[PDB]
Amino acid sequence: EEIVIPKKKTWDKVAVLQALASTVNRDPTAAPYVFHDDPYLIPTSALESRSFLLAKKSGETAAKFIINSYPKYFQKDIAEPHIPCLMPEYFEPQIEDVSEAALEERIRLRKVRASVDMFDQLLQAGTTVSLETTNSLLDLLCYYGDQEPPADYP
Amino acid sequence: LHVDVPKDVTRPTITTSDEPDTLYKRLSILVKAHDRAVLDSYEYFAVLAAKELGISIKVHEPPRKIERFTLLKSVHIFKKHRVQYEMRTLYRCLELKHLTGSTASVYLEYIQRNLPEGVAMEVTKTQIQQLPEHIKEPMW
Amino acid sequence: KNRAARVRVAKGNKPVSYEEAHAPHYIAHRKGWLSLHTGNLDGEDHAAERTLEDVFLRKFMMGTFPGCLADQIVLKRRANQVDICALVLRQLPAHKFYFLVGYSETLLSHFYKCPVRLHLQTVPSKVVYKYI
Amino acid sequence: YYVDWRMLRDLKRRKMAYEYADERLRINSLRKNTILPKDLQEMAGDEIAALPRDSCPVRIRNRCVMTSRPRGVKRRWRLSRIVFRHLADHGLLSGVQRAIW
Amino acid sequence: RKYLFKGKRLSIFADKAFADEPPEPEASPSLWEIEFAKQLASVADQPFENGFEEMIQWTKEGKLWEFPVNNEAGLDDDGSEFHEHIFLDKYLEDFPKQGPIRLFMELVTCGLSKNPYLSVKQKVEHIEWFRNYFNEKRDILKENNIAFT
Amino acid sequence: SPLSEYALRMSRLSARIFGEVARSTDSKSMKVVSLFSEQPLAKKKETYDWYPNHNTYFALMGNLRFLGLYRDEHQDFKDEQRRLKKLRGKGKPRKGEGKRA
Amino acid sequence: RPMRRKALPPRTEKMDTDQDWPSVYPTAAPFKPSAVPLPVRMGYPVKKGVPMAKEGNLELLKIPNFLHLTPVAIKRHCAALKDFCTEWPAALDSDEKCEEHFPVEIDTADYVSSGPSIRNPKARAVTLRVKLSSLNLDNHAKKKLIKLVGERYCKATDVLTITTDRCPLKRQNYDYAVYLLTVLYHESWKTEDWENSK
Ligand SMILES: [Mg+2]
Numbered sequence: 056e057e058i059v060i061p062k063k064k065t066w067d068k069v070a071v072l073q074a075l076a077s078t079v080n081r082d083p084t085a086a087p088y089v090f091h092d093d094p095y096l097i098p099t100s101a102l103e104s105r106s107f108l109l110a111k112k113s114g115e116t117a118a119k120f121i122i123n124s125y126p127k128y129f130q131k132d133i134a135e136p137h138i139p140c141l142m143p144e145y146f147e148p149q150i151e152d153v154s155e156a157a158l159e160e161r162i163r164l165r166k167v168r169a170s171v172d173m174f175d176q177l178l179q180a181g182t183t184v185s186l187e188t189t190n191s192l193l194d195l196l197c198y199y200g201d202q203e204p205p206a207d208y209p
Numbered sequence: 009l010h011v012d013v014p015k016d017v018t019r020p021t022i023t024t025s026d027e028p029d030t031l032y033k034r035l036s037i038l039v040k041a042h043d044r045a046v047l048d049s050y051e052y053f054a055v056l057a058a059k060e061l062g063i064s065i066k067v068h069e070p071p072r073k074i075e076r077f078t079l080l081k082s083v084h085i086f087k088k089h090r091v092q093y094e095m096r097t098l099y100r101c102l103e104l105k106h107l108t109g110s111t112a113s114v115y116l117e118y119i120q121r122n123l124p125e126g127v128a129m130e131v132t133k134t135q136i137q138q139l140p141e142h143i144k145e146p147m148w
Numbered sequence: 036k037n038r039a040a041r042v043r044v045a046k047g048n049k050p051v052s053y054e055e056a057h058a059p060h061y062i063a064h065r066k067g068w069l070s071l072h073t074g075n076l077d078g079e080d081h082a083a084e085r086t087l088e089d090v091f092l093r094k095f096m097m098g099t100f101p102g103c104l105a106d107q108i109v110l111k112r113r114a115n116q117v118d119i120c121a122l123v124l125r126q127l128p129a130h131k132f133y134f135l136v137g138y139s140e141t142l143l144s145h146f147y148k149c150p151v152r153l154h155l156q157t158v159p160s161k162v163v164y165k166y167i
Numbered sequence: 028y029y030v031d032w033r034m035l036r037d038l039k040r041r042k043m044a045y046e047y048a049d050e051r052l053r054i055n056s057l058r059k060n061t062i063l064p065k066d067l068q069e070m071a072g073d074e075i076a077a078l079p080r081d082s083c084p085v086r087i088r089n090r091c092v093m094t095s096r097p098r099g100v101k102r103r104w105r106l107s108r109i110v111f112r113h114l115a116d117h118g119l120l121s122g123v124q125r126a127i128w
Numbered sequence: 236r237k238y239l240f241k242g243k244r245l246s247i248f249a250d251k252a253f254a255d256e257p258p259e260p261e262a263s264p265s266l267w268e269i270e271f272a273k274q275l276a277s278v279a280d281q282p283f284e285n286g287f288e289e290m291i292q293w294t295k296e297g298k299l300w301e302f303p304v305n306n307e308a309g310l311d312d313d314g315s316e317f318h319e320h321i322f323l324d325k326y327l328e329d330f331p332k333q334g335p336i337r338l339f340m341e342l343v344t345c346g347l348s349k350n351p352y353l354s355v356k357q358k359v360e361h362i363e364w365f366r367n368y369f370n371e372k373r374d375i376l377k378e379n380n381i382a383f384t
Numbered sequence: 002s003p004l005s006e007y008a009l010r011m012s013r014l015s016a017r018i019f020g021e022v023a024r025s026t027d028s029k030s031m032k033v034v035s036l037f038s039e040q041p042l043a044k045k046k047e048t049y050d051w052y053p054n055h056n057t058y059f060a061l062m063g064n065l066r067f068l069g070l071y072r073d074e075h076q077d078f079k080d081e082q083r084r085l086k087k088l089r090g091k092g093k094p095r096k097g098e099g100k101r102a
Numbered sequence: 043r044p045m046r047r048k049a050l051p052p053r054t055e056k057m058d059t060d061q062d063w064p065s066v067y068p069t070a071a072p073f074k075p076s077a078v079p080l081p082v083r084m085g086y087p088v089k090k091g092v093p094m095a096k097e098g099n100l101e102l103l104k105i106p107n108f109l110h111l112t113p114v115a116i117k118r119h120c121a122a123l124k125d126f127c128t129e130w131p132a133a134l135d136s137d138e139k140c141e142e143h144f145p146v147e148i149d150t151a152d153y154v155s156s157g158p159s160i161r162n163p164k165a166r167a168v169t170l171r172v173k174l175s176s177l178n179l180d181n182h183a184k185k186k187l188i189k190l191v192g193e194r195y196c197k198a199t200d201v202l203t204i205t206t207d208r209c210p211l212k213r214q215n216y217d218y219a220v221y222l223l224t225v226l227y228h229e230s231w232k233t234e235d236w237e238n239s240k
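So the protein sequences, as listed, match chains 4, H, C, K, Y, Z and 1.
Numbered according to the authors' numbering, the first sequence spans residues 56 to 209.
Numbered according to the authors' numbering, the second sequence spans residues 9 to 148.
Numbered according to the authors' numbering, the third sequence spans residues 36 to 167.
Numbered according to the authors' numbering, the fourth sequence spans residues 28 to 128.
Numbered according to the authors' numbering, the fifth sequence spans residues 236 to 384.
Numbered according to the authors' numbering, the sixth sequence spans residues 2 to 102.
Numbered according to the authors' numbering, the seventh sequence spans residues 43 to 240.
No wet-lab data here; the hints were simulated from the structure.
Hints may contain errors.
Claimed, not checked - Calculated pairs, DSSO-like style, for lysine-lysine (alpha carbon to alpha carbon, straight line, at most 27 Å):
| # | chain 1 | residue 1 | chain 2 | residue 2 |
| --- | --- | --- | --- | --- |
| 1 | 1 | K197 | H | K144 |
| 2 | C | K94 | 4 | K112 |
| 3 | Y | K349 | Z | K29 |
| 4 | Y | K377 | K | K59 |
| 5 | H | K59 | 4 | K68 |
| 6 | 1 | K197 | 1 | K184 |
| 7 | K | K65 | Z | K32 |
| 8 | 4 | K62 | 1 | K89 |
| 9 | Z | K29 | 4 | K131 |
| 10 | Y | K349 | 1 | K164 |
| 11 | Y | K325 | 1 | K232 |
| 12 | Y | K298 | 4 | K68 |
| 13 | Z | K46 | Y | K356 |
| 14 | 1 | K189 | Y | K349 |
| 15 | H | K87 | K | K101 |
| 16 | 4 | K131 | Y | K298 |
| 17 | C | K94 | K | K101 |
| 18 | 1 | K164 | Z | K44 |
| 19 | H | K88 | C | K36 |
| 20 | 1 | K117 | H | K15 |
| 21 | Z | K86 | Y | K349 |
| 22 | H | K15 | 1 | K124 |
| 23 | Y | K356 | Z | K32 |
| 24 | 4 | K112 | C | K131 |
| 25 | Y | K372 | K | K65 |
| 26 | H | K15 | 4 | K68 |
| 27 | K | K101 | Z | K46 |
| 28 | Z | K46 | C | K94 |
| 29 | 1 | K232 | 1 | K139 |
| 30 | 4 | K112 | Y | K295 |
| 31 | Y | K349 | Z | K87 |
| 32 | H | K144 | 1 | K89 |
| 33 | 1 | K184 | C | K165 |
| 34 | 4 | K63 | Y | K295 |
| 35 | C | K94 | H | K81 |
Pulled out of the complex, with its shape left as it was, chain 4 reads as follows:
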């Protein structure tokens, strides 16, 4: 008499899109999806292909520069659920006091010269520094070889 209820299948949030993607194949008469679908904007040569994908990246970098330099204009969040990847980034330490904790922040932000200055200052005062924290400093310095992380800016 008792009805048998089927056992519910489960899948990832992107599983349905992955299933639909499997059906379609590449369009032979179209340029790669990155390139804009227009006759005027289709890359004729291999140089225009790379140059079109270098002007697009440049425009993205121009926007990320503005967002990260004038963050007060990009702080109102109207997106529910909240989107972390569409918020301004902050890379400069905001902990002013000179403590082992402040050094840990600089190490997390991966600043090499600033962390060395605060580590030396901590040694000058003589305040205790954890061996694990001292290792996180060496990791950053050893990995970047004493040079600030490579970045591009004005």
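Starting from the known structure of chain 4, arrange chains H, C, K, Y, Z and 1 with the ligand on it as the hints suggest.
Just chains H, C, K, Y, Z and 1 with the ligand, lined up with the frame of chain 4:
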């Protein structure tokens, strides 16, 4: 592609759990739009998709709603001269029946992701479950 | 006489587009809507916020592509995605368009916290519906 | 820059009413009943009066967000009749058409 | 002849009867391990091939809504329960057990139970406010024959 | 008709189950339940966020005009009317040095 | 001296009439006159004129096209999506059969709209519907259950409807409605001394 074809396309992983599945006796999908033709095309897409997955579907058109309001035409004075505006809302109801919870999620995802611009959905799931174990037996 | 959104008659030498030719009373009859969202449907909220975003998005696109827009843009919202469909004249070099798309997309995606895509159809010149 | 100084004053009135909402709710509850001694109710009537005048939520006026017009506004869009008509008559509002019937 | 898996081997190592004995996160991910993982990702980093792959990436990053739509996605009110929101008389123990203050606080806690726009923490703050308010007004209440705390 | 004991005691048994007011409360005293069951007018997103942040748009677009990524036809128009006006000698006086001393 | 770039010929010219159209429009996109191999025209025509052509046609761009959704695509899509679906129990072949084994009906509503926020206030509400015949109720209990619930009970259908929206979330309102049923059922069976005075 004429000669160049994928060989063994990768397919998402669907793992059957040990939890029992939801049982929806009914599932009403009320789509709304300003355009009837969009509702006709979406109705065709949704009814075809239901029939292809084995779902039982019926469709009816709830009466349309028209909201009208009046405004002052001139910027200054000339009260008697007005302009009227309206927004028309059209409805298409897709009544599904006898759906498990796995069938209702995949179907709703597929049709919600393809919901045209200017169209709003109002799903109304109706689940059926047994009685609470406490209620089953009277206890003093 | 009604002066609203009517491109008045000149002397047969003014090239008006299809959108400009038709007065307000032809909306939903001969010409559609430039923006399509769900915020003016019955029992739906956030009409005020969707409309304000549209006003800005049109002023942004005009300034970002100055003199390169052949017609008004079309805004299409689906879920949280925003899609901007603009007819643009072929004045600027091709690589410059890739820059303004990458810039205008990223900037408006971090400003309204939604995925924003720009769709550009390039015309050789403005399309003339009739000479009025 | 906001449209005018009148819109700026209203914006401040809206941000100070939000700050004092819980306070004015908790205190005003003591007055809108017949269960508490009238001595307490008369005193709560004075604590609410002492709060800043811009906290009072009846001093907020709905103005057009784009022109700061005090009257003629439609609450669903927050625009005046003149501004609403310009966007509507150009096909820029989604689903708004002229009413012929 | 040149069989890939038939022939002599170095034999310096032995068959791994024990495998992966130390856990993969022996320590918190170091900069060296965190950066090597980023480089492995770039190895398979190709541009989007269609609109599906773009939407898949947005979904993995949280940019695009998940489907089917859940209007309460990521919206948990401190993992509370229905009984926590509705039964709030546990917090009225400090107040007088009877009298006008009890009659008033009953109306306050009845409304708070019917409030869907507040969390339990916020509702408690409303109750706590009145506890401190009546304590301050102890002298006026005593004149009216009401004894508080 | 009047409510007999059975009717009244059943009504109280129901209110206790459904979390309703159980005692006899005057219409005046029922406002306390309303105040604490409803979001206040000043706490609703429509009121406190009635306006768009006009400072963010004006400041952001002004900054973009100076970076060369945005073109403001209106501002360029005003910039040239000021330039021409200054040449004509009708420019803005310096503060504290107005016509009246 | 300045060189103006030349647009390529539309790629529709290279499209065969037996192509795999789903690949051309895999997902929802705007109408691209250079990718749709159709001589479509749209626009009210001027006197002694034909409707405007597809290239540079704002009206076609304003349409929410269904090119990505074609009968060939929809059938190919659903073939992949079949693995996700689960089979309805065959025994529950009728509505009455479901009421026998599953008397409780829980109503939950979702809303899909366009905007940055996925939040709708109406999604929290839940509604429980049970028939009193399905519940094991003595003659005394059924009379007590019907008096307590008031207008929630409908004599014509014999259905008790409990609507719970007071709690913030849907999982809280759902658990509350199940709770309300348990207390009403258990209380109805309990007999109080004051009940003998009816
Ligand atoms: Mg007023």
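Q.
Holds or violated: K15 (chain H) and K68 (chain 4), Cα atoms, limit 27 Å.
A. Satisfied, since the Cα-Cα distance of roughly 26 Å is no more than 27 Å.
Q.
Would the hint linking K88 (chain H) and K36 (chain C) be met if the CA-CA limit is 27 Å?
A. Holds, at about 15 Å.
Q. Is the hinted pair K87 (chain H) and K101 (chain K) satisfied, with a Cα-Cα distance of at most 27 Å?
A. holds, 17 Å
Q: Take a quick look at whether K86 (chain Z) and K349 (chain Y) sit within 27 Å of each other, Cα to Cα.
A: violated, 65 Å
Q: Decide if the proposed pair is consistent with the structure: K298 (chain Y) and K68 (chain 4), CA atoms, cutoff 27 Å inclusive.
A: holds, 13 Å
**Q.** Straight-line alpha-carbon gap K46 (chain Z) to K356 (chain Y), limit 27 Å
**A.** holds, 21 Å
Q) Is it true that the CA of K232 (chain 1) sits at most 27 Å from the CA of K139 (chain 1)? A) Given pair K232 (chain 1), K139 (chain 1) is violated - Cα atoms ~31 Å apart, limit 27 Å.
**Q.** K189 (chain 1) paired with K349 (chain Y) [C-alpha distance capped at 27 Å]
**A.** holds, 23 Å
Q. Keeping to a limit of 27 Å between CA atoms, is the pair of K131 (chain 4) and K298 (chain Y) held or broken?
A. Roughly 16 Å between the alpha carbons, so the hint for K131 (chain 4) and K298 (chain Y) holds.
Q. Regarding the pair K101 (chain K) and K46 (chain Z), is the alpha-carbon distance no greater than 27 Å?
A. holds, 17 Å
Q) Taking 27 Å as the top limit, are the C-alpha atoms of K184 (chain 1) and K165 (chain C) close enough? A) Violated, because 77 Å separates the two Cα atoms, which is more than 27 Å.
Q.
With the threshold set at 27 Å, check whether the alpha-carbon distance from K356 (chain Y) to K32 (chain Z) stays at or below it.
A. Distance of about 23 Å is within 27 Å: holds.
In this structure, the hints that do not hold are numbers 8, 9, 21, 29, 31, 32 and 33, in rising order.
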